[PDB]
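**Student:** Read off the chains here:
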Amino acid sequence: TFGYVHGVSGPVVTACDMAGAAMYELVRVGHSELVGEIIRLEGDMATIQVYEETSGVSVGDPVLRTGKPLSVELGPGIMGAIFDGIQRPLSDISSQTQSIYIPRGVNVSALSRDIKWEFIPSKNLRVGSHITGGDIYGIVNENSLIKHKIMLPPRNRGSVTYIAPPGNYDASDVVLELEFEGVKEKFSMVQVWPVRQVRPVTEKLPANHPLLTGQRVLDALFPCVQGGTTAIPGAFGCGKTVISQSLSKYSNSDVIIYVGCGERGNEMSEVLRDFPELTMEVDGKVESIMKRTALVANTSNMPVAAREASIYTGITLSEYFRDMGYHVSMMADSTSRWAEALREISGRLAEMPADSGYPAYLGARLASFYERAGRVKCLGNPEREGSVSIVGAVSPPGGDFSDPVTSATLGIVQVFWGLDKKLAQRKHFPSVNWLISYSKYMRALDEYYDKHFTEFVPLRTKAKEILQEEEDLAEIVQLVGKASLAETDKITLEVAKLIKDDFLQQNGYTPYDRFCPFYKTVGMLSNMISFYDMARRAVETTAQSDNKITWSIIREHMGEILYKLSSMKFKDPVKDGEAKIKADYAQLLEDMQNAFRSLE
Amino acid sequence: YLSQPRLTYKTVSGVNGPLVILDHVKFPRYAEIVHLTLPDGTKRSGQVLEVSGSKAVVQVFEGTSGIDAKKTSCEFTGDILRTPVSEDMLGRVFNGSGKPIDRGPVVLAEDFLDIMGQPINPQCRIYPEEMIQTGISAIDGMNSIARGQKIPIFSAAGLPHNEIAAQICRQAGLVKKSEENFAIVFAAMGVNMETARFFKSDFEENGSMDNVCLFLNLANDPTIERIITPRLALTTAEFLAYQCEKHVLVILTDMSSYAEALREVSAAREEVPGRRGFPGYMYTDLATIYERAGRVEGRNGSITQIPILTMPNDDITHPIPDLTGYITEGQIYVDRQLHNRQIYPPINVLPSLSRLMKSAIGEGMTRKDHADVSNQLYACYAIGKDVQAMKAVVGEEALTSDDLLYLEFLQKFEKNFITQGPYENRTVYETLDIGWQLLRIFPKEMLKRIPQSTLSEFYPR
Amino acid sequence: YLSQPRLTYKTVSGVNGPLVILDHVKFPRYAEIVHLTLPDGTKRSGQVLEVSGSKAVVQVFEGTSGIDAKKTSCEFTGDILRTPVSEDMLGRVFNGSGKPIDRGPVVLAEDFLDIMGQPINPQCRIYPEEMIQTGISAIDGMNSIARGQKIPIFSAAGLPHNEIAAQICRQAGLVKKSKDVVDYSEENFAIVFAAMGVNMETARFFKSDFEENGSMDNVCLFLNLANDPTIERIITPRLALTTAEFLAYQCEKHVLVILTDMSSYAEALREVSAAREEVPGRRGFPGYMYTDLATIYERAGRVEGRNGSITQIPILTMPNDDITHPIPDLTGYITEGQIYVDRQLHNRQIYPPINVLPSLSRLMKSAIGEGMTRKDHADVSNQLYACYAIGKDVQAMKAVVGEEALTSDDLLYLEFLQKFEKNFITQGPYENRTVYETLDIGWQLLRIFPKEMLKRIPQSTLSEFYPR
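Line order of the protein sequences matches chains 0, 4 and 3.
Just remember that the deposited numbering sits 16 ahead of the position in the first sequence, which is counted from 1.
Reading the second sequence from the start, the letters are residues 39 to 215, 223 to 506 in the deposited numbering.
Just remember that the deposited numbering sits 38 ahead of the position in the third sequence, which is counted from 1.
Incorrect hints may appear among the rest.
To be verified - Straight-line distance between alpha carbons at most 27 Å, and here's what the computed DSSO-like set of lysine-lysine pairs gives: (1) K291 (chain 4) with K215 (chain 4); (2) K480 (chain 0) with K460 (chain 4); (3) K220 (chain 0) with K245 (chain 4); (4) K81 (chain 3) with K437 (chain 0); (5) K443 (chain 0) with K413 (chain 3); (6) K498 (chain 0) with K493 (chain 3); (7) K430 (chain 3) with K438 (chain 0).
I should point out that these hints are in silico values taken from the structure, not numbers from a laboratory.
Using the sequences and the accompanying hints, generate a full structural model.
**Tutor:** This is the structure:
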């Protein structure tokens, strides 16, 4: 434990002269107790890699031996706080120090250690009853919304020797204890779990439910799936955290875990403003997003290893809240920043540059990251079910999809959505290209969409072929001159224009467009497709025989009904009842029938 | 046989990346398998690589993490990696290393075999002649495959090569028509959960689970096991081919991930690189994998092999596809342009290649003029692409008549020959009839490659 | 605090290149400052690079030459580098090492601080809330600078970026005078300027110009000529940033730090790395250049509860005018926004040659607004940009379409182009334009057309401003 504090070629610094101790474990160095990482072993000499600065550290400095490797604390009160890459509660640190800068070696637990919490035991098992790991043995109400379930970790079983009564207990208190065959062990409300490994589950299950998004665009065309994996481009001026806001408010998820690398205090303060601004009437009462979500972020000037550990601690937290029977969504944004972080790590390992300095095992880490996702039946007596989604924000260099990370990730995710500066510069909102976006989950969601609604699948298919066909005929209408062509093609492009202008765009500030219920999306799309079908029937019938019905005839004989089409969005479903809107849609359909009948 | 007891050790001179170095070892043997007991009681394994003096080096398979010098124990066995093989393994599931996944018991073995196998003697090699019916016209008709071949399939990220592979498995057989079948061994090299579910369900569907041995290594498993899994599966195939006289088909998937894992393990030792940083000897290693296939004199079984690999960034000069193109004797080159047009099965033919066709076909095999149809169809396809590239600039006015004929041929051939469907399985003679139907479009005085005789006896109808 | 006597060694186990290896040192520590005394009596400073048991290594700042084995003293300090910060440093001029050079006295230190600085808590960041004026009409009107934004200025070898920097220095300030000059008199603004990797002519020019402008009472100046030791190149920025920090957060002021020629910083850092025997990274530059530039740039912004701010305007040159060179690439990634200068515009004898077409900004939307400025800013900027882009592409069209087929409105677009490049961009080295003058000239240039063509301006402001 003697700090043979060698001289260095970076913030890394090593030591030696210590007994046998396993690697990938973190040790504290010097009297200020800077954290570091064991890498190499050689006899009684172990290389270490510190995170913070290496200034001033002297040889012979004490090297605090540790008993655990890098691990996150887990327990109640996580939601609403803010953490760095090594799990430090920055709000509590700022309160404690009354200082502006981060101090060195702030050795304070992440969660509270003096605030008691109400606790409801199982009330069905006694002292001595056999229990195994993963089983829920207590509940606690963190706040008005969510109750932090409590369960045993894996790799623990035995005959209970103490059951706490219901009441109020602090973190350090022993709420549980159990005698294994030979020994016993005490458990508190706080569990420490290694970062670089995956919790067990009963079994992984297929994805069979669609993710709820506030906007009908990208929710009816390129549907993301609960428990899915996707990627979204991200650049200034178009919107990246706009998706964060939309998912955080209008989604069926039970928690949001946001991960940040190289971000400003803007996004933190703005989502803090979203906490009392973007509030939901879940129980008929506006309620802050702070009670649900959690944030873990860092800045560029923090140590590199912290930047790397950020994404893993984020994954771990997402898994931990998933284990409690919920529906997590994790926005692992700034993925290219994590790529640069990995390049940085490899810069001080004498590794062979696979491509542009990227270490060899970049692909392995990419796969191991995106793998930890999907629906699972959880391991434990309650038999609950949940899932995790991931949203990796790809940030290419100016629109070049050539970096190994970009291509490697685009062949792993299944949903990818467009974002182009041109559409945002066109005043077209939301900026979704629709020609570089796709979704490979369509075979999976067919079952769900068939059971519940039974028409939506034909509607989306027909929409897709019509859109691609319009993009094809753009060239021919360029050739001719956009003033002469067949009537059937005219009506086709006109329905394309109608869907583009009234359905594939959504005002984020209009009260009735602040959220778009899916039944309304279905009704809108179905009524539109019916209008186009009727117009096609009439125009073709009169084109083949005589009295050809031109687009002028349809504009003047149905123009007020076209105003009705474009005004179908003026519904305000938040107050107006669903039956009222359904009746309006059906009545408009009957009016459409009357107009087409009198058209011929 | 060997009654010598197995020594255990406590010497760990030091760790450095994925390696573990031992000292004071009494007579180490190169490439001998070793078990490791960590402080927590969980278990691992490894294989010796470099030996010098009393020092030795050990590659850990499960990834090195949590190794303490004073508390770990390194047991030695004293022989090369050796695996159990048995006929009844068919109808089971295993992970990368060979341990069961399907809630079953370990394989009571009919014999122990060398993981690396050993080279077959070229003199006693019966050259493959018998033809396989795939059904897909892009193979039967353009790049036919005889049993014993080792042709790969080239794809790209986000392309439906999995569907093609599954269909190939479903409809394999013999063109010349007791009921023969296949015994298929399948190994996965870092596929995602979705792929595993798809393949497992597909094999469940057609009732073929009774005759498929599975080897599954998702991305969760430590990368080093990906080096061993292929050779293990291939050894099982060789056993079933020459000790049970069965006919076997092998499907290794995503060997690109295998190449990545090879790069990862090589970087630890600091070997000399090659193009794009891969090891120089990576060529010989891929040769050690691929070649083990074909038919041998005095037997009845045979090994066919269909590896699958993705092409990073569609760059064909990339070392992995190039060295595959050197070792194996063909390629398929799944296209993405057709996939963008929503066509099934989207397979390019212009760069596909099949070296065994020169003896696969002929009189008494398929039809008299099978080669001629192939040559002429390819030539028309090539000139059609050239004419399209020419039309992209000159304009419709500059087109002569034969350009129009070539362009309509291109369109018709693409919508007819290539497009088959998820389960349509054409007979070979149907495919030749269709090919002649496409050839008849041109007047007889332009089909240069076909001989005059075949044109006289077949073209007018 | 420290009370022990210092040590000194006469041990030299060897020398090599810019380093000096010794041994038998008691309990050495990394980053410890070391003095040296040669046989001929010269004094030189240095720093500790490597430490291993009783072996030590010291990189001599002033450059190694004529260091004997047996006749060489080497005193140790036992502390890392510490800056003597002080408010009174304004009006002074220093060298890279911090020794004054203007015939003045050693700084009577008011407080000692760590040169490296400390990371600022992201929790205590405050978003910018108001703009500033740099004195350049082209920059303020078209591309706002908030309080705490980090806007670089890409240039190339052979352009007059230094003159632009001097102009920005002698005219930077605030525009709180919107309401009244009486409340504007409360001025708490200062500038710290770090000339680094600069040749002699430009150093003298800077000193003379700064002294001529008469506002040296609020300017700190740091000079590092290209003669001085290469290591002092990568110590000048740290001193400048520590001073800016101490002024910003201990005097509640509004400081504006301007860094020059970051390419020379990169080159000096490269040389330090190569001397330190480390393995090269991409393009020969070290791998952790990203982290280093991050720890330099990230020291700015605003702090909650402190009335003060730090704004950064680094400058750098692009080798071969290559936009994908690593230095500008990383600088763009870390920072927010970018401003260009274009060879052609300088080659049109237009000063300052500021090419607004590829110039962007990141906080312009929130830097400006009602109150802190007029209500007629953002629309004016959009209209000027749209008009100018139309005019330029339209000149490209008339180049081949012929001037005879042009409409009269086309001549109006050309008139807008020529007048915009004649008056708005061209200002002259001393024409101190304010923001309000800039918007006045903008409206005057917009007056050429009717409001009907001006389709980016809302009708509500058209009824007010257009008929002037």
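**Student:** Decide, hint by hint, whether the structure agrees.
**Tutor:** Verification of the hints:
1. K291 (chain 4) with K215 (chain 4): Distance of about 20 Å is within 27 Å: holds.
2. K480 (chain 0) with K460 (chain 4): Answer holds: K480 (chain 0) to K460 (chain 4) is near 21 Å, not above 27 Å.
3. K220 (chain 0) with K245 (chain 4): Roughly 14 Å separates the two Cα atoms, so the pair holds.
4. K81 (chain 3) with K437 (chain 0): Violated. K81 (chain 3) to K437 (chain 0) sits at ~59 Å, over the 27 Å cutoff.
5. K443 (chain 0) with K413 (chain 3): holds, 22 Å
6. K498 (chain 0) with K493 (chain 3): Satisfied, since the Cα-Cα distance of roughly 25 Å is no more than 27 Å.
7. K430 (chain 3) with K438 (chain 0): holds, 20 Å
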